[PDB]
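Given next, in structure tokens, is a single chain: the form deposited without 2-oxoglutaric acid.
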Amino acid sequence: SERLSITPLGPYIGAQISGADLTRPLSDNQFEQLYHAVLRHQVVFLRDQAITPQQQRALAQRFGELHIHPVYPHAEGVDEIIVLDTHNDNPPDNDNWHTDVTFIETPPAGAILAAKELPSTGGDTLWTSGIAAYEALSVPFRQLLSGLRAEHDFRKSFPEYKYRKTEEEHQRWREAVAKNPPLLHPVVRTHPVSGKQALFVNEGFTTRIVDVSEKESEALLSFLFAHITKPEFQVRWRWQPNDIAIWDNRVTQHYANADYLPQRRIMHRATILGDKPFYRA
């Protein structure tokens, strides 16, 4: 375990990491700086990492317990690794700004994404920094949003109408909804580790801010859903087979382009549980 090559991709978010073989267990010195690079850069990219669901689950396991998605398919024999196999018969549903599974009480602290099969071109994935977004807010707006709570609803990104192909798929949806009722989370979240304040709403699951009026909420979310799309808060990644992406899901949102069908695209994701999102001034 020497020293990983960390190349920032921007001033506020993103970095490429080289010198870490993810197919084989990482030493402690390496896993530590990989961990810190993720916290520091919010999202890191490692190319040429032909890992299997096995080792991917293993790597994620080291960050903590893994979440099992209520609707997405999982890899054979490895229930924690969801398979994102998109094509004509399963159109991509991630071309919207979202933070992974914020519909549970303890949203994932992070995730590891592996590019298995990719289209000739397209399918880029973008990440936006809730930290940079928060920093870009004027003091009056930071004060306004801090302490407010917003509702997150699993159904916003998982509409029932999208799961009625087969009765099985529909049943899977029913069980998912029953187990994931709408819940509240701070609009401004204090990172549990770094202490940095970050915007913590995402168009994918955030339905409304409950501490203001309905029109006030729509006005704020309208602003926020646009605010986070500022180029300066982002890093855009063009995928290559066997790429690996690891991000801190506590302070970022990502968006996956849906510009490749009829071509097929297969991604594998390990999802690391986090703790209860909170805000501390």
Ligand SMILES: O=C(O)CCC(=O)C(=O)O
The other form holds:
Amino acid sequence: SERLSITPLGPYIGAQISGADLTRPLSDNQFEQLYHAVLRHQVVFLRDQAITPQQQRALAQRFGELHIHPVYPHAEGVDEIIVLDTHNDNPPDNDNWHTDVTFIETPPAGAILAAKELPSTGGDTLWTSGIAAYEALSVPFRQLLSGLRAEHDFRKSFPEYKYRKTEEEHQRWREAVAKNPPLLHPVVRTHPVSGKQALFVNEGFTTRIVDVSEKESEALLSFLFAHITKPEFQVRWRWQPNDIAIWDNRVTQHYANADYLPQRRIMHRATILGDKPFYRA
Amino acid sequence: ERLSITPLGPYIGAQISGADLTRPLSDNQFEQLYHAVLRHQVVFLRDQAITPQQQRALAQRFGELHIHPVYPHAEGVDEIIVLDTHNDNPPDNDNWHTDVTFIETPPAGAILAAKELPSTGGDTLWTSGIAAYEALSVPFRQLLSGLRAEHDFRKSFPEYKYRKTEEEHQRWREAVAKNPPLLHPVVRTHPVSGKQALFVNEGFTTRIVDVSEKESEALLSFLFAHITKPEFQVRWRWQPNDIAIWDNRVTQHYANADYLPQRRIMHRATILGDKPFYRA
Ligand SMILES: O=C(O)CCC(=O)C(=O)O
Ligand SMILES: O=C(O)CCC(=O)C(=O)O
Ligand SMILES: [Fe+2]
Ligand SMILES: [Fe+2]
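Switch over from the form deposited without 2-oxoglutaric acid to the form deposited with 2-oxoglutaric acid bound, please.
And the full complex, kicking off with our chain again.
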């Protein structure tokens, strides 16, 4: 593989890449750059790549160990890959800013989304840079946040009252809650590789900053959750059938619009595991 | 005779008995009165039927007094302002504020005397800037210490409320010119005790200049609420002839406007203060 065409969709986050057939493995000249592409633009987009779960699970394992979701349905015979089929009976639930599975000791470092069945229009998906948003913070503020820890809870994005349709569904929730208690993650996170600083909190799971008072936390989080929706921090993608999206889950957050029902939307996703989030001067 | 100092709480306010403010106080009495004001930030003395003069004489022992260019004053004592509120001059102090912080040298304190009062209502409350600051977590203390905030005249006196007649629209424009926005420490070090205290008030503070606009809005939103917490306050129910002495350097106060159509008359002495500063 000679090289790849990387087109930045913005100065901070965004990149549309081509010249990379994702149905068949790739060399080591290609991976490096594609790897460093996602590690550079935080989230890259590759089009026209009609690949099946196994193919998706394949590449995802090239980045690292994959993670299995405790409540979301998986594709047939393919646990590793979770399926997001949405309709009137199964409303969308990712229309909130979040960072995939930060409720575990070592949150996923990346993920690969793939469009299967898309509605006529809608279902756009956004990503926001945790590193930009940090840079946008005044010095006095970085000093404040850096060093503080914030709790993450599975229940915040998955409440019991939302998993009682059946007794099975309820049982699965109870188990998932059990294996995932609330735990701490730095407000400011140092990227394992780059070493760049980034805001590591997200509305989907962060319940509170334990290092300050309850109301100081409400006020700080109330600011951070708004701060990250600033346009200049994000890239927006309009989906098209058979499309690939790979992003770094250590320094970003995404949001998936809910505006296509009663139509049906089907997405497949691979979830690469990562290390222990941390902070360092 | 030592004065009786009864604290009204663990952080702020106290009621003092044993002092006859109608006559000069001995060194021993003024000193324990002075020190009680620094300690409790706001003290109250009841049954003190004094004259403006006698009030001025007491205020002059705390520092220079202000002669107000507008507000009317007592019989023949320019230093004693008359705050006469009723239906044709409604109360306008029912908001948390620190007096005239929009000038380089906000008053160091004041002496308020209740001349005439509504049958009920008119309660005035003070909130402790010291207790509020110390109730912050170490990370907020280090954040707010050293930051500066803008204090604007126009935040308490908005242009949209002075547009009726084009007359009181230019005298507004004029006021706004004689009092431009200026800065103060977000955390003020008391000139005497060296105690640190939050020094913003929503009557005049418009924003922290040392951080972003949004960050400022979030911080102030928090601080304007944090200081209204019950634990940091003392509430006073007035009685005719009450005297209240407070340290405007580290507190804020709020006067309830819930007694019209009844009439309320207070006499006030304003004590000029020095420059507000922060020193670690
Ligand atoms: O449906 C999408 O486009 C994204 C869904 C999502 O938030 C995820 O897979 O983590
Ligand atoms: O009327 C009062 O009791 C207090 C009014 C006031 O805010 C002041 O004198 O500064
Ligand atoms: Fe997601
Ligand atoms: Fe006042």
